[PDB]
Amino acid sequence: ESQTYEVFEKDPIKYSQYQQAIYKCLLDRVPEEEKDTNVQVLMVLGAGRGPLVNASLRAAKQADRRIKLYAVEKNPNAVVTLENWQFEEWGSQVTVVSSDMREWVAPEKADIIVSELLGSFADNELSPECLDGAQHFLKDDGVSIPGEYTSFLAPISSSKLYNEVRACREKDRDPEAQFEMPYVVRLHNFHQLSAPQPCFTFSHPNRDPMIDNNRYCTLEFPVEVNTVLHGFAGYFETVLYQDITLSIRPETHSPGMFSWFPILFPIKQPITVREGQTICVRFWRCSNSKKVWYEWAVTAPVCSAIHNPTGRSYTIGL
Amino acid sequence: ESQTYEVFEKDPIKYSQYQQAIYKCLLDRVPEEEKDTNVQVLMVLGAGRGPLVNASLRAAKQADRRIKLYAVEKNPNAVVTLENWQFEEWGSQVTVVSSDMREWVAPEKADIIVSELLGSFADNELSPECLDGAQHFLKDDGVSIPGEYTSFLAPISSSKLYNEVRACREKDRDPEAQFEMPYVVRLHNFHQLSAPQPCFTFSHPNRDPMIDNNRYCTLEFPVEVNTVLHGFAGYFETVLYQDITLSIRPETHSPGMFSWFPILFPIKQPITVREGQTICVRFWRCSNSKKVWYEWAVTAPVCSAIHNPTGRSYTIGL
Amino acid sequence: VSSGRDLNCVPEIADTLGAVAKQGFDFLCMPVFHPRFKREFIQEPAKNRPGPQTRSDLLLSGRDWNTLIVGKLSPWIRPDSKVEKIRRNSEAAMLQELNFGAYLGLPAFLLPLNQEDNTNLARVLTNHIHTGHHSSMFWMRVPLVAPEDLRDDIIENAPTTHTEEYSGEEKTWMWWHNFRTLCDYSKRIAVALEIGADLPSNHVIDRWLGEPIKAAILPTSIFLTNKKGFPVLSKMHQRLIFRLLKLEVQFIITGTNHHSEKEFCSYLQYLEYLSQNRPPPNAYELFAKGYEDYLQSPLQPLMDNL
Amino acid sequence: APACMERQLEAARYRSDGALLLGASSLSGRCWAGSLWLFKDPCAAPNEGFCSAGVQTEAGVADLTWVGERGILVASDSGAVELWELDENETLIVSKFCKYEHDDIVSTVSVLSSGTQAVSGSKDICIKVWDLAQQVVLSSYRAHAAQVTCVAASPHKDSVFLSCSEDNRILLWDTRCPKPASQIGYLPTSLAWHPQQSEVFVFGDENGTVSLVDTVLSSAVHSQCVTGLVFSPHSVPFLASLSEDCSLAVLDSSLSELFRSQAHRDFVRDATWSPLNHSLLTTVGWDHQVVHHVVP
Ligand SMILES: Nc1ncnc2c1ncn2[C@@H]1O[C@H](C[C@@H](N)CC[C@H](N)C(=O)O)[C@@H](O)[C@H]1O
Ligand SMILES: Nc1ncnc2c1ncn2[C@@H]1O[C@H](C[C@@H](N)CC[C@H](N)C(=O)O)[C@@H](O)[C@H]1O
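Residue numbers (the deposited numbering), protein chains in the order written: chain A, 320 to 637; chain A', 320 to 637; chain A'', 14 to 319; chain B, 23 to 206, 212 to 242, 248 to 328. A prime marks a further copy of an entry chain.
Rather than coming from a laboratory, the hints here were simulated on the basis of the structure. Treat the hints with care, as some may be off.
[Unchecked claim] The calculated DSBU-like cross-link candidates involving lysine-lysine, where the alpha carbons are at most 30 Å apart (straight line), are:
hint	chain 1	residue 1	chain 2	residue 2
1	A	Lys490	A	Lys458
2	A''	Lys200	A''	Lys35
3	A'	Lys393	A	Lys609
4	A	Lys610	A''	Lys95
5	A''	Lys200	A	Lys610
6	A''	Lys35	A''	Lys275
7	A'	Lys329	A'	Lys387
8	A''	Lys35	B	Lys121
9	A	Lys380	A	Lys458
10	A'	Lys387	A'	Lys428
11	A	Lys609	A''	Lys240
12	A''	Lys60	A'	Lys428
13	A	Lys490	A	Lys587
14	A'	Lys387	A''	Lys60
[Stated by the list, open to error] Pulled a few chain A residues facing chain A' out of the computed Cβ check, cut under 7 Å:
hint	residue
15	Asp491
16	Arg492
17	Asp493
18	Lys609
For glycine and all other residues, C-beta sits at the position ideal for the given N, C-alpha and C.
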């Protein structure tokens, strides 16, 4: 909806980071001698209402470099905003494309592809699948902004959140479905039981012959207090370009950036944990041609059931 | 499963009809003078365990014409049966292809494409979508066997079947979902209230620029008795080649063919019908990129609710 | 007594089935794909290996697949391998074999629990279960005593543990327990308990008491030889057989003939002798027959008229 | 003489005069059996109509070995260890013994230095020492905790052999000791004793690394499991490495690559250096190809 895009646009830190990354990449690709002749092809993949298109334009003026823009957007309602901005302000420099980036036949190849397809668990909005499908129209020496992203997990204790998740039981569905799905939540009345550890990583472009976005991770969390495990908090980190990053992981959290709250992966049954014990968790990223999903289980100090098997309770549509 | 294929193979009438159709088509494409030089490319699309491959071979021996066969099958378990038959009996004349017909890159173009992708309501196994995807590797003058199929509907009264459908309520789903889905059923304790009428028709190949498998049909059923409407019986008819057909519509039912029982489309609420009144029904065939489904409603003598809106209770996976 | 023959070598399916039926066995546990035929699913040129991938379903009738055959997972399939390439080829091969079993309509399928970490094996099995209905059983092959715990003390610089480890002697029960907890107590997952030459301490055995044991695997190697040269069992092994007969488990004979002078059917003849000579059931055991673990609503003769 | 040789070639071994012994299995289709073949003309292999001798075995061939100049010792799927012999004319391969002693597939076999004894390894986790003249098992060892992958008899030490298993152990054996085995990351899959240095051996792993052990030097040679390791007949030997990655590599003393072949379309199963021309190396694979490599 229009107001979800408006909410994204209220975060100036996120766009100033994207602009700084594009500004740095343009200077590395085009030297001073070529500044007036060399026109860099830039494709904003998932342009929304256009704040990244404006960030790329400000970056090019800052870098004193020439750019040719393509603004790709599948949402036809956001395309209304885009085509009105293009006609009134952008002009011929910007070509608005109403298409899925995976289906789009590009007239030219891109020097830089820019996107913001990241969820609170980084890859949970299917940024790897989208970018993999758009990869073919990027030049051989082409750059993807973001270049990389990494998700993080941390075990948490919160009897309040366990009670909140429990209350999400619904009519006409599995009576325990609410425990087998993640929740975006500003975690408040909780306790982080161990330091966050990396879970899944993705790189762009994906210069690998055996492209597989499926993953299986085993995490060992040392616990120093007696407690109850109610779930896992998820965060992410991303490399836009070189040293220009974005983070929601608490120890490296990007100052004043509110675009993403943490994610919560619940467990069906609370697990007693003694001081000195290790929490062991297993997370899987799974897929088929139509859906992507997560599966998870605790194997230590005690076993849980495998949560969300075959994406029976929660899926991310392709 | 292996035993479902075995059950299909028990119907000799169905394969003798396919053989007769292929035999007739081979004589129309290759005259006597060309019989020893002209090799017809035949592709069995959805070859299962191979009875159509054997029917095409018997047809070619009958016609005294030369054929080159491709046996396309997506089910890898059926491909085990196929590759063993190919090695032991068929030889080089048959090339077994483990692929979805819509994804397959063909080495040659086909003179004839043969398939048996039909459900009890003809197009409910998605034979139009499958054949549309395979259409490109058929020669310009190429033939599809079947060439055409038509579904039929008839209003029925059956208090027993209404009770049977009602009893299909399940835990963890919409309490009325069972009324919003078709059932394959050998209808016994029932009353057909009006003569069957055509519902949806499909032709192969689909030589139309605006290919749309979506459909909307309005049927007017004159009723001559006082009764209760509990649903609609569905049947089909198909043209394999010229006068060689297959039918489950009762008035034209193919003698001794048991491969398909009728289909039942229930209604949530029984509808009183007076003698002299017309039953009016509306059926839609709907789709998206992932699913196909039916939607239906009675508009006369009284309105029903629209059944299975957006495929909430029943879908056919693409 | 219901008995099965376990084999890992089937040159011809019809001839093997026939020889096994002649011995008096009710069923055959066998590989559904050649146990040495490792398959590649990702890397060329081996992923493009020409078929058939296995032998045809047409070699037996549907009734024979449904009643006489228990399927077996290929021994190279290692979903919990530390090598990613081995893990991914193993996941794809596990699915392919389980799917072929479902295609065949097999009544049961054997999977081993031969190590502590079977998390990914559990995950691949749970996903298989949540793809259709099937009703088909999964028999988890788990020994009373782990192979690391029954190895000969013949490694001079790595001796066997001569210290009693109460909870450690019970390690295979924990392998089963974690597996079935991960799989969320599926009614389709049961135990095929493998009996060893030296029975563990009582505590280790009765850990399995209320567990869903569907089969008991007897290696030919655990049999002693009597005066006449026939295979027999120790008195303690006989005690365990009688407890397993009370649970109505299916008995599986595995391994080669270790009593060469005798026909192989002598292992089964002995088992059938023990079944025939089991302690008889009392008037209560006779009345209760058919009601074992069958749940009923307690009668309310005050509220209801009986 | 079988009318057809099975697709999955498992073994290739040259004897002194340069005649090539082949081992094959059918790992798919109706019948899962095997065959043994002799080719005095190795160029003619695997053509059935051009063999010196050929025979059908009961089950599949997982491994084989020459026993002198006329003996063929076979590791079978049936759990049997079989001994075959060429007749006086070497026109027939005849069975001498077939002893079913293993409880599962016999995976590996090796002749000890005496030439009168053999060692077998199996999926049944046991290692067996055989007396070839008496056709009996002298010793059965349950030292491992999982499937035995490879057994390699010492070149000149009669009572010495190496074993490796999925239990992650490489065991050095000496049957003269009351406790015969001694234990010496990624699972070991292949073993080869150095032909000149009595205390040296190479081992391959499931990840493609080949390592030099002087009872260390390692090289990431393959992208997949190292199936086999074969030393050349040279005064200064070269090492042939074969893998499930479908390639053959020829390595020097310091495990550095000298030759590479992508000739096979399926898994490379055996490698055998010609005694006639020491620069020639023959490989067999599951693609049914008998390739003759000219090693530089
Ligand atoms: N495969 C795809 N092809 C085209 N656009 C996509 C695709 N996947 C997601 N999008 C769009 O990408 C956008 C993602 C937004 N959350 C971000 C909007 C905008 N770039 C911003 O930073 O405000 C949405 O407008 C989606 O509709
Ligand atoms: N798009 C597709 N590509 C390939 N095979 C398909 C496709 N859709 C369905 N099939 C196969 O077509 C077959 C349809 C069967 N009901 C008929 C089997 C066989 N031709 C017979 O008449 O006995 C199945 O074996 C399906 O797996």
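Comparing the hints with the structure gives:
| no. | hint | in the structure |
| --- | --- | --- |
| 1 | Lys490(A) / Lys458(A) | violated, 51 Å |
| 2 | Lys200(A'') / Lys35(A'') | violated, 33 Å |
| 3 | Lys393(A') / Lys609(A) | holds, 17 Å |
| 4 | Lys610(A) / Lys95(A'') | holds, 27 Å |
| 5 | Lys200(A'') / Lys610(A) | holds, 28 Å |
| 6 | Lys35(A'') / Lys275(A'') | holds, 15 Å |
| 7 | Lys329(A') / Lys387(A') | holds, 26 Å |
| 8 | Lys35(A'') / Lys121(B) | holds, 22 Å |
| 9 | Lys380(A) / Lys458(A) | holds, 23 Å |
| 10 | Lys387(A') / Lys428(A') | holds, 11 Å |
| 11 | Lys609(A) / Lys240(A'') | violated, 67 Å |
| 12 | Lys60(A'') / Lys428(A') | holds, 26 Å |
| 13 | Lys490(A) / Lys587(A) | holds, 18 Å |
| 14 | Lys387(A') / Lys60(A'') | holds, 27 Å |
| 15 | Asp491 | holds, 5 Å |
| 16 | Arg492 | holds, 6 Å |
| 17 | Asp493 | holds, 5 Å |
| 18 | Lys609 | holds, 5 Å |
Figure legend: structure checked against the earlier numbered hints; hints not met, in rising order: 1, 2, 11.
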